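Generate the whole structure from the sequences, applying the supplied hints.
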Amino acid sequence: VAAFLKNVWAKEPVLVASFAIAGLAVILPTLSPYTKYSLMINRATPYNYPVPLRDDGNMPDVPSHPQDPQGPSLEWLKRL
Amino acid sequence: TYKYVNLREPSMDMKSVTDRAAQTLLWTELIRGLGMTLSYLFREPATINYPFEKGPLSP
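First to last, the protein sequences are chains L and E.
For the first sequence, PDB author numbering gives the first residue as 5, with consecutive numbering after it.
For the second sequence, PDB author numbering gives the first residue as 37, with consecutive numbering after it.
Think of the hints as simulated: they come from the structure by calculation, not from any bench.
C-beta atoms are modelled at their ideal positions from N, C-alpha and C, and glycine is treated no differently.
One should not assume that every hint holds.
What the hints assert, rightly or not - Some chain E residues flagged as far from chain L (calculated, every beta-carbon gap over 12 Å): (1) 38; (2) 40; (3) 56; (4) 60; (5) 61; (6) 70; (7) 71; (8) 73; (9) 76; (10) 80; (11) 85; (12) 87.
Said to hold, decoys possible - With a Cα cut of at most 25 Å, we get these calculated SDA-like pairs of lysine to any residue: (13) L:15 <-> E:86; (14) L:15 <-> E:48; (15) E:51 <-> L:19.
Have a look at this one:
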């Protein structure tokens with residue numbers, strides 16, 4: 005079966021190259037950590053309006069000032 | 037006498053197939069050969085302007 009890759013690649017060299025692109029395409033999205041950066045950006049794109057809520061006692065976090073360090077940090081991308 | 041033309045068995049080894057695989061897949065044939073032998077356009081057109089120019093003859 006070791007020459008089976010060398011008696012068809014010298015016989016029909018078209019679909020042999022297709023199966024190699026069938027390979028190396030399913031496997032790699034589960035491999036490199038550049039994915040889940042695809043997920044963090046695609047969720048952090050603001051379409052709609054972020055409506056604020058009503059305070060009653062608490063206040064667990066996030067006061068009215070927008071430029072305060074009160075929310076998350078997606079600002080790694082601008083530094084990236 | 038003889039001559040046996042177009043009578044040659046293939047190579048069939050590890051490396052020489054890569055010369056026959058790059059031929060079909062990436063077309064190192066048909067452009068180096070047939071795109072250069074056409075151009076070859078810069079030669080002078082050998083045309084006789086018949087009402088003015090005339091060709092050779094014999095006595």
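Comparing the hints with the structure gives:
Residue-level check passed: residue 38 of chain E sits 30 Å from the nearest beta carbon of chain L, beyond 12 Å. The beta carbon of residue 40 of chain E is kept farther than 12 Å from every beta carbon of chain L, the shortest such distance being approximately 24 Å. Against chain L, the non-interface label of residue 56 of chain E is violated: not every CB pair exceeds 12 Å, the least being about 7 Å. At roughly 6 Å from the closest C-beta of chain L, the C-beta of residue 60 of chain E falls inside 12 Å, breaking its exclusion from the interface.
Residue-level check failed: residue 61 of chain E sits 6 Å from the nearest beta carbon of chain L, not beyond 12 Å. Every beta carbon of chain L lies more than 12 Å from that of residue 70 of chain E, the smallest distance being close to 21 Å; the non-interface claim holds. Interface exclusion of residue 71 of chain E from chain L stands, the closest Cβ pair being 22 Å apart, more than 12 Å. No Cβ of chain L approaches the Cβ of residue 73 of chain E within 12 Å, the least distance being about 26 Å, so the stated non-interface status holds.
The non-interface label for residue 76 of chain E is consistent with chain L: the shortest C-beta to C-beta separation is roughly 31 Å, beyond 12 Å. No Cβ of chain L approaches the Cβ of residue 80 of chain E within 12 Å, the least distance being about 43 Å, so the stated non-interface status holds. The Cβ of residue 85 of chain E sits about 52 Å from the closest Cβ of chain L, beyond the 12 Å cut-off, so the non-interface label holds. Separation of residue 87 of chain E from chain L is adequate, the least Cβ-Cβ distance of about 57 Å exceeding the 12 Å criterion.
With a C-alpha separation of about 56 Å, the suggested pairing of residue 15 of chain L with residue 86 of chain E is violated against the 25 Å cut-off. A distance of roughly 10 Å separates the Cα atoms of residue 15 of chain L and residue 48 of chain E; the hinted pair therefore holds under the 25 Å criterion. Distance hint between residue 51 of chain E and residue 19 of chain L is fulfilled; the C-alpha atoms sit about 20 Å from each other, no more than 25 Å.
The structure fails hints 3, 4, 5, 13 (numbered hints given earlier, in ascending order).
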